[PDB]
Amino acid sequence: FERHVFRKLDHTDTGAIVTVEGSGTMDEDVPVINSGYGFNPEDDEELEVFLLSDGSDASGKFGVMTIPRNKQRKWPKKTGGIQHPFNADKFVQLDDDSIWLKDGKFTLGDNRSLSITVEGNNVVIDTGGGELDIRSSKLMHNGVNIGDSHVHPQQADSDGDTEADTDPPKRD
Amino acid sequence: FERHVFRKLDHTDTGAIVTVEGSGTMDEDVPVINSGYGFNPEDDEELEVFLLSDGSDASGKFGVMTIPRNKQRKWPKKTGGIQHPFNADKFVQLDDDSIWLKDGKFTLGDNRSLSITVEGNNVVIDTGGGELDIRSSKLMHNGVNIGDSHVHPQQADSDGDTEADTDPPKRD
Amino acid sequence: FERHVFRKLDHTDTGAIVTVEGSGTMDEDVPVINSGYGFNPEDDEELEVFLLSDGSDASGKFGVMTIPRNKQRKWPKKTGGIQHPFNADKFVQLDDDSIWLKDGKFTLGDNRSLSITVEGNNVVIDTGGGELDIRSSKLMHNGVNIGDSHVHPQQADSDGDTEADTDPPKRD
Numbered sequence: 018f019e020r021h022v023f024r025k026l027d028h029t030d031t032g033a034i035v036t037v038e039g040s041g042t043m044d045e046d047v048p049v050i051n052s053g054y055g056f057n058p059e060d061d062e063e064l065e066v067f068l069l070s071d072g073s074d075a076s077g078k079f080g081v082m083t084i085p086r087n088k089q090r091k092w093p094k095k096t097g098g099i100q101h102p103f104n105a106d107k108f109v110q111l112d113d114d115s116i117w118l119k120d121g122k123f124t125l126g127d128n129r130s131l132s133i134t135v136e137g138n139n140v141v142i143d144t145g146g147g148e149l150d151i152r153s154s155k156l157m158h159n160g161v162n163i164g165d166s167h168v169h170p171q172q173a174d175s176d177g178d179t180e181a182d183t184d185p186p187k188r189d
Numbered sequence: 018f019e020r021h022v023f024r025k026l027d028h029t030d031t032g033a034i035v036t037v038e039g040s041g042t043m044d045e046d047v048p049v050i051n052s053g054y055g056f057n058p059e060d061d062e063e064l065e066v067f068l069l070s071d072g073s074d075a076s077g078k079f080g081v082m083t084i085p086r087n088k089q090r091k092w093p094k095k096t097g098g099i100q101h102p103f104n105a106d107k108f109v110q111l112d113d114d115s116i117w118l119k120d121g122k123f124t125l126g127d128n129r130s131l132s133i134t135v136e137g138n139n140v141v142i143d144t145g146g147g148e149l150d151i152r153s154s155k156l157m158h159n160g161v162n163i164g165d166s167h168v169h170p171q172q173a174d175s176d177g178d179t180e181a182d183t184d185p186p187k188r189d
Numbered sequence: 018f019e020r021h022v023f024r025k026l027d028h029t030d031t032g033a034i035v036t037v038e039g040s041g042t043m044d045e046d047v048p049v050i051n052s053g054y055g056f057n058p059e060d061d062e063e064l065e066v067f068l069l070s071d072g073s074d075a076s077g078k079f080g081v082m083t084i085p086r087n088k089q090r091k092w093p094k095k096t097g098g099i100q101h102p103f104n105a106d107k108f109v110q111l112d113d114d115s116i117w118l119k120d121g122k123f124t125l126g127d128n129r130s131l132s133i134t135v136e137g138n139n140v141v142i143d144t145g146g147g148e149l150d151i152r153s154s155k156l157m158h159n160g161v162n163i164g165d166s167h168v169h170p171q172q173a174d175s176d177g178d179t180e181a182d183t184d185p186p187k188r189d
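Residue numbers (the entry's author numbering), protein chains in the order written: chain Ad, 18 to 189; chain Ac, 18 to 189; chain Ae, 18 to 189.
Derived by calculation from the structure, the hints in this document are not laboratory data. Just so you know, not all the hints are guaranteed correct.
For chains that are exact copies, the list does not tell them apart, and a pair is met inside one copy or across any two.
Simulated crosslink set (SDA-like; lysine to any residue; CA at most 20 Å straight-line) [to be verified]:
| no. | residue 1 | residue 2 |
| --- | --- | --- |
| 1 | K94 | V22 |
| 2 | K78 | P93 |
| 3 | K107 | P93 |
| 4 | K187 | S154 |
| 5 | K155 | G39 |
| 6 | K122 | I142 |
| 7 | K88 | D61 |
| 8 | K187 | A75 |
| 9 | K88 | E62 |
| 10 | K155 | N138 |
| 11 | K107 | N138 |
| 12 | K187 | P170 |
| 13 | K94 | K107 |
Bound-form chain Ad, shown alone:
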């Protein structure tokens, strides 16, 4: 077990190659362990990379990258999750109340087409890349039918001849 500090990370076919100081430990270190979480920090950024030696052989040293210590989120009690490796306020939380995500902009899909924003507590859903079709038995807004089964009542006309509720939305 030994301790060194990160400078440079490069990609290859079978993992990531890093140079982590501690003298010129190696220009191209043996690939790093992922275990599910990985990131690509910028060149020469504060963070530390522990190296584990295969047996006692100095020829093999797997790194264990860690989030920068200035940027570790102080999670609340009985909570956990993952976070942006360079900021403590863009994270994902799985709690006893609800699956909580925090960020100033949300996106989904292959090409980030489905974009959702919660700016100022409002809702701005943007999917301008195509059509929007919803399936649901009976739709509301504030508990009032606004979907495919609503009808608009009429009122008195110029001749005073009252009318009834109009027909539902047209079918193409």
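Fit chains Ac and Ae to the supplied structure of chain Ad, relying on the hints for placement.
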């Protein structure tokens, strides 16, 4: 390498101070390797904490906190993801069918304003924060246009006179 | 410290037990430390599993599983997250631009009832016959009110001439 049990965890500027028993290995075993996933367990939990010493130096020790042994989910074949640290029901799964999130409630945004729930197969989308605005070339419920371009057919009045299709929704 | 390949993973009450190919080092091995992220690979998969021993005692030794490196994602600079352990294009990214999820299908809830798709930007939201109820001070589409507070102007009767706007959508 050595194994230990968890006693108490408190936050710190550049890590997480933890007591791990083992005859009191240290009142604050400051280092806690953070590779993306972390949590703040309650005092005196069943989970087991391993300690790793920098080289052979017994002064420096790094902890590797683990999910409690008695609360580990049994994932299905060809699946993986992160889970609620203290329960096997609230989790996230990335599979060959769909990005699956399981929980009894859903919240988003900076202050959980955008709240979504899925109870008893139903859908309850709450955005009490404020206004809701959607951008899309269409809005079709069950495949029927109810968006900004729908229009209502009209029927005969008390005078027997038939009108034409209604105008689109009023524009502010 | 040693390094080996994965052979077969079996579930058990105390955790997940995996047998590796260290000359049959153990058919019923010490479990895989579950630091949040875990997965259940198919039998005889190519991935590689390390193994550490509690102290120098060879009787007990924990292993740490790694994502197979032929399916390792090459994250962009200033980015990180978790991925599908068997594919590099099914992942979640927490960036400095937006919380990004990539997948051909999206599901939520206890039983995947709330299903969302973003195929070709053609947003398709399916609730499996559920009751979609939305709460918001004002619902809009393309910047036009189509919610619970929209009204429809109408046309001129035949011998009845003009008339006022319609009533709001019918209540239940």
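### Task
Starting from the hint list further up, note which numbers the structure goes against and sort them upward.
2, 5, 8
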